[PDB]
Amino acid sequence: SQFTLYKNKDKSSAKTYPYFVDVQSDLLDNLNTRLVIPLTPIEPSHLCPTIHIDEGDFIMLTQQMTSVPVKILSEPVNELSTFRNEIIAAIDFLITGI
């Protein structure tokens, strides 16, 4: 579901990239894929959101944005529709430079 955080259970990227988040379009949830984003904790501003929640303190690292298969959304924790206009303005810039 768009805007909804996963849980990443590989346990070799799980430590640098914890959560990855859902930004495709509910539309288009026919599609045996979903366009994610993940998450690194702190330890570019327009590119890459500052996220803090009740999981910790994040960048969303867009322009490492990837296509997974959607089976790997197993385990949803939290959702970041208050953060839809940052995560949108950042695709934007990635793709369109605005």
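Between two forms, the rigid core is defined as the largest C-alpha subset superposing within 1.5 Å. Residue numbers count along the first chain shown, from 1. What changes on going to the form deposited in another entry:
With a cut-off of 2 Å and the rigid core superposed, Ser74 has a Cα displacement that reaches or exceeds the cut-off between these two forms.
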Given for the second form:
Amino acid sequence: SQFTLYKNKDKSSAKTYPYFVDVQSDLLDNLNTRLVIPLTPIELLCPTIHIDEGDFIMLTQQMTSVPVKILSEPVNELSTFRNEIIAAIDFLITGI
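Same protein, different form: I have the form deposited in one PDB entry, so give me the form deposited in another entry.
Below: the lone chain, stripped of partners and molecules.
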């Protein structure tokens, strides 16, 4: 669901990308894939965010579609960052 935080269930990639922010329209969430922005821990366009789960770089430039089956159940609500997220996506595509 849009702007929800999910844990990355893909064990290989989870060390680098422990969470995903879902950025897909809810109208399309019967698809088998989900457009997401990966988060990477700061310890390892791309704002820094501080959420209950830790401190992350939101890697907008690595936005990607993933199989829905690699998403956990919802972990946290990041709808509060929705305008920052949409601005980052708009920057990636438009340069503005």
